[PDB]
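Student: So the chains spell out like this:
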Amino acid sequence: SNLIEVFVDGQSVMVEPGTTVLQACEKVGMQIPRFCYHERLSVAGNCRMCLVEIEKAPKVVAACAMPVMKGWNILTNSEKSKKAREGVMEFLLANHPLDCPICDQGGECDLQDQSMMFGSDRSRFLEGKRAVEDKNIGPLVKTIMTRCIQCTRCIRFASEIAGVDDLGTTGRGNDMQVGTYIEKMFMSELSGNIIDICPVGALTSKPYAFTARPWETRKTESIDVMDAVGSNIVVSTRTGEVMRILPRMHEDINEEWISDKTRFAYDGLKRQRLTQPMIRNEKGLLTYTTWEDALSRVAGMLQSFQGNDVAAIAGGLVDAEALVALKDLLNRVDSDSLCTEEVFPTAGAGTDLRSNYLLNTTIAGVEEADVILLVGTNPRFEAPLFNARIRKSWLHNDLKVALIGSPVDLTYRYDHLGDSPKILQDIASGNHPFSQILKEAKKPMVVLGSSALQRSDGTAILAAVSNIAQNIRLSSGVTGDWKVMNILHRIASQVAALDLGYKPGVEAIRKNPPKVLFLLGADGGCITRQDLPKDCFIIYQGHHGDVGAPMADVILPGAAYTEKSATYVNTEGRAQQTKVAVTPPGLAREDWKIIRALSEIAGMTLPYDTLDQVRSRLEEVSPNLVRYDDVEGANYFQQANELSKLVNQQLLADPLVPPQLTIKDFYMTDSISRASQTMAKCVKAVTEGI
Amino acid sequence: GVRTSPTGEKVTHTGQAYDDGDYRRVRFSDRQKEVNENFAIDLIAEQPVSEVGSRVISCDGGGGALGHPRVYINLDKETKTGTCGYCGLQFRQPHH
Amino acid sequence: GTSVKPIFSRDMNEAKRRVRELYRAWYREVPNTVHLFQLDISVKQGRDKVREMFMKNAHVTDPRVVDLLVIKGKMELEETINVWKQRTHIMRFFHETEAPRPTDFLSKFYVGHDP
Amino acid sequence: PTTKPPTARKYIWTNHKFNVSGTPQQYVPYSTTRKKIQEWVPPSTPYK
Amino acid sequence: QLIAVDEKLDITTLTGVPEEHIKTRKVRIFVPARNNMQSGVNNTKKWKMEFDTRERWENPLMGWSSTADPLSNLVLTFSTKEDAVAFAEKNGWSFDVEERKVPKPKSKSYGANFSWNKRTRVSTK
Amino acid sequence: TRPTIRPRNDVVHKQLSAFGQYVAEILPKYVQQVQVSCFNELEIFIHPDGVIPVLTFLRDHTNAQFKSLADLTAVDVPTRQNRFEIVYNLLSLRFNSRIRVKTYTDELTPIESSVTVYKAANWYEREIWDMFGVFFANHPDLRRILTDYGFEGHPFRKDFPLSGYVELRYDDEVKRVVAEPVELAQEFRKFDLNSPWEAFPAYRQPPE
Amino acid sequence: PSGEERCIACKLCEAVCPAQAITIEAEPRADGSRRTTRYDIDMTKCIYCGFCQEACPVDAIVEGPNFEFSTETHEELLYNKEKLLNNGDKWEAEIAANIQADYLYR
Amino acid sequence: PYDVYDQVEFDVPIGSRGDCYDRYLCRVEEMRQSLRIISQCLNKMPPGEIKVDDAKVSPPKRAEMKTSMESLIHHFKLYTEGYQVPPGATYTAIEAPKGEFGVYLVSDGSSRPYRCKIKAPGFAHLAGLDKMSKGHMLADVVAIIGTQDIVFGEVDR
Amino acid sequence: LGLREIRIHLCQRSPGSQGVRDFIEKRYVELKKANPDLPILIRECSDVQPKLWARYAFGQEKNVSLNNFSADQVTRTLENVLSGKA
Ligand code: SF4
Ligand code: SF4
Ligand code: SF4
Ligand code: SF4
Ligand code: FES
Ligand SMILES: [Mg+2]
Ligand SMILES: [Zn+2]
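Residue numbers (the authors' numbering), protein chains in the order written: chain M, 29 to 718; chain T, 28 to 123; chain E, 14 to 128; chain N, 98 to 145; chain L, 51 to 175; chain P, 43 to 250; chain B, 107 to 212; chain Q, 307 to 463; chain F, 14 to 99.
Calculated from the structure, these hints are not laboratory results. Some clues are possibly wrong.
What the hints assert, rightly or not - Derived DSS-like pairs: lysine-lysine, alpha-carbon spacing no greater than 27 Å straight-line:
1. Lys69/E - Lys200/P
2. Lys131/L - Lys55/M
3. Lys212/M - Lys247/M
Whole structure, please, built from the sequences with the hints as guidance.
Tutor: If you want it as structure tokens, here you go:
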């Protein structure tokens, strides 16, 4: 091929042209020291720590920024490279403050470890150091700029990954500072990530400040559930208590970053917690009882009624195990009124065809598209990692973006087609020029959010989008297995519920008011006691005291997503399982365990006893759930599209306004976020700045 | 500044005090609860703010090698006073 | 292939024979141990416990594992002969002081998070 | 200390205490941190 | 001299592990993820086998953390996935194995920052 | 090489290399490898079936005569198919030298006991059986030497928990010392002290 | 000397303790200072090796010169932050004298 | 010799019968030779530092730690993580007062030893006690145990 | 006795599911025309026998294999399942 031969310490290796010296060294198996180089960020060349010697070359080159050519022999462990590294570390540590005992990055500092391995062991700096005043960029990132090494990594991240140009370098020479030059809060859905990239303790986590040390903590690899992206996380705990949340690398979902809500809303896991079962007393107030009493009352009420009189509503943070257990329990009493808070149009294919409600192109496959159409969606606050992927493809692949909806700020330039849903029909009709501009697109892509489906036009909007996709496929031809049509979800439990046969939306409850209602973590406020019959029985089974708790008759304390090994399906249809980091507080138990115990008390004993048996039941109900990294699936666009042409509901003259209009609406979305002091601080800071 | 709990115990400088319903209080009957009377926050809040005429000031806690590691504090911000990270002493430029 | 070096038995018959000899020795020794250590149990209880401990390893189908278990049992019997143990070591086989852990789902659900 | 007294500080005890084991003044250990998890407080108003 | 027996290896009955710590535990075989606070990759070379987390409670006296299970602090290191799987099968532990994740090759060019027409132009450096 | 670096001796290195080649030439049936460390320590890796012959040679040959058995121990490496590694350390007083012989075994494969060669090995062998579970054939009496009577499991294996499985206390209802499942008031804090940024490039491994 | 405790919750003494006898929990104080909320030393686990007092970068934890502190019960040998601060306030005179006498050898 | 022993002169007592009396006389003469070596060490004390001037292995001085950045970093890393030992296995033996005391140390390259086997002479001596107490009175066993110089801390480990 | 839902598990790349796939790609939409309220879930297996699951009232479920079934065979057993005859 076009691969060229380069030598590292006399060992030959093939590298594609354009590969830097650092990448060749990684290919051989060695890691060049670095401070400013980040693979996901543009090359800077500031820190000069990656200086390496090329054989028969009198000058030391920067391995991060120097493309390699045929014949070079990279002498990484040569005397010249070692001396260069020692000099660079000496210059870096000349003005660094002696803050290691009080620094929040004590045992996880790149400066410390690289000084230990590649630097010297003493100082000949006999002068006084410098000191710069601290900056204030909000209540999330604690800023101590005396420790800054001026690697300009946060600046590059903000400019490219986050699309926010707030950060910059002011001044010249030794006293050049990194900051905003004004009293401004660096606010974005990806603001916290600058803590991770910053190699030193200049930028640290404010809520996590002075709490723990890295060697103390235990790392548990789990899945984030605050959004439908399903970004992988590492829960860092210490003596049975969650200390912090860190991003985990996955090149196909979240790369290496996580959203602010994912990162800083773990605090809500320590407030408003449901710890014991509660029942209504003679006076009508909630009082603590034992598991036996509450289970007996619920089982008696479940035995007394039967059929459509019983019902269940699934929340936005429920796992597949609990969903299938509750489905089995309500099937043993001959019921099918199983509903979720988010609605999905059931006209036509509905939920029978899996490809009808998924992000078929996938987050990884976003990078291959050339045009994209967003319909009634605000991906910045509904799926921040999806928006980050779109921004990365826009910056690198020159992708073209168009949005139909309110002119929200997406951190990149797009084409505002309009507001009214009628434009969709226009795009289907062919009068709009955007139909033409997307006709030539080799890999077009259409994304429709669940926010546009929550309104009464869900069926008609979905039909119009499917018609647009059909026009794309028929006119431009079948490019391959491209899977133009996409749908982006907002809650983590929606896809898993839909795969299990849950009926989307709460319309069934309204049509047939039940006598006993199961609230499996339903805190959306969709169903109140006004639209239910009198003396109705409400069972709430969750982990937080929220809008759904005070209206209940029996409260069963469940477990949070960090307290159970549970399966969640993200918006691409990929199923991932979390791991137990801590145990549920007080008398709270696992959700599926609660359902099984209630079933056995009521006499309708469920077949499964352990987690493996519940997952076997999940495999029986759905084959896809057991696979834990598979995302591929069959393309059944034709069948769903043909079934969607029967009903002809019309669009109303209401503009597509997403709920997430402004950053102030992004912080508090679910029960965990509403119970977090950090999220309240963020909302207060965004509303009024100092 | 040692306060008293509503039950009657003394509150530690960390704010710890068993509430009315806690059974662990029984460990103190016929005995005493060990509490340090001198609170570090109150003792350091009454220290005078040092007035120096330099932009950057060095602090080692007093005593040289018997103090804390030497650090440098910047006093450009005239709104507040620079505070030592270890010792907690305050420094300020001569305004007006 | 899967050729391995033997310990004492070439096949399962010899291992079964050694198990039988070890059982004979333990059965013969139980009453002497009960009398000598001044146990509160009867000879019937001791023989039942020996039978239970032998049947605990009834699913082993590897002659090497079987005769290694036989070696361990012979070592323990020799330990019991020479009064190298005491009453506590002998009585640790009965767990008279440990609470009985439940088995059904509901009890384990009530006590704690243990599956 | 008569020849050269120790340095005087405001936090140094002015009254030395001997060993107080087996005495109503003995030291009783206890946890110093606050509560970790806060439980939900049910409302005092009936739902109906 | 050689038995030449054909059966899977099983040393469950010789390790002395209690029965409740054999058929109830669920081990995990994985390559530990890189700590996002650091750019070093030297801790993601070997495979790790670790047991599932169990209950920890606060000590009634002195507030310490107490654990009732012995295997909580145990962690084992294996050169390859096959060796760890073989160990787990030999000791009779049910295991969950996750494929190693390696960052994909990325093409980085210094020239892109000063682009004439493409959007990769940097606003500042 | 300034006074902070340990001085290197080359004559001893050459002598040990020559003797390793000599030994490997004499016993090509059993020796699988010979190594000399940077600090002048010679080690010989042999087949398990050659424990009795090779040792005997090193004890009786006019040129070796390694009379004393300094130490005998085992090393557990769970990532290997042959789990346990047996190490013999021999001291020759006539030539003022030391040698090491290394052998491999697993849980079920026995190793021939070297009590006939060195009497000192006797207790050492028992210790191995007490700590790792390696069975030694033709031993005068093989039994536990260090653990409590009736102790279940071999503590020195890498998969054995640090605190064990049972703990002892005194019960007044039965008026005796009883064993219970272990429960710690404070759990042993595990520290992740190992760090990225490898320190020794000379030991770097191929990226397979 | 101003009266503020020297400890800054760097957790070096906890990490260096061979017997794991030190337990530390910390959080920002009311004025934002880095201070401990819990500092426990188990005197029945401590081996009196002195690693804690030599790993401390601010001379916060010291191993005093008192040795007559026997106890009639096990519980009173589990020191918390209040007891250690009381010990410091009680022995500061001769502790500081010994530190002054010996700090040139360290 | 390991440290400065090849630089001190002393005599090595040797028995002639192998009984308890000869070993007692040998121990007394070893005490006298220890006094000789102590005198030589007192007379020939050199000046200089007391630990290797390698801050990546030995912690720096307190003043250097509190004034220098590299010293503070190295103190932090040495007292939190420790120093990494290159991979390898060694057997180091010295002439402890009870005989040859040895340690077989195996390091995998980290800051924690992979294996540390301890060879104590008491183990072998107590193993040979059975041979050495053949055809002797009951009261002779106590004398033989005493002359073996048995401390069970090293025997049991 | 009342059917509540049906599920069809088919393997995307296996040849044993081949004919079953054709079934959908030819007539599933028509089937959905005849049953506008019956839920017919469709899921993908992996190296597993193609199967059809039928759920009746009160949680009773019965499964039938679909290996190497032609389109006619699978549609025939489907009409047998919905028609109630056995
Ligand atoms: S940034 Fe690193 S080197 Fe600087 S004080 Fe913090 S831990 Fe120490
Ligand atoms: S704050 Fe951190 S990331 Fe930003 S320039 Fe300074 S060291 Fe680099
Ligand atoms: S002296 Fe005690 S508390 Fe200090 S490090 Fe040693 S064992 Fe730990
Ligand atoms: S006592 Fe010293 S070493 Fe321990 S945490 Fe406090 S400052 Fe750090
Ligand atoms: S890593 Fe290349 S110059 Fe900084
Ligand atoms: Mg940082
Ligand atoms: Zn200070």
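Student: May I ask which of the numbered hints given earlier this structure violates, with the numbers listed in increasing order?
Tutor: 3
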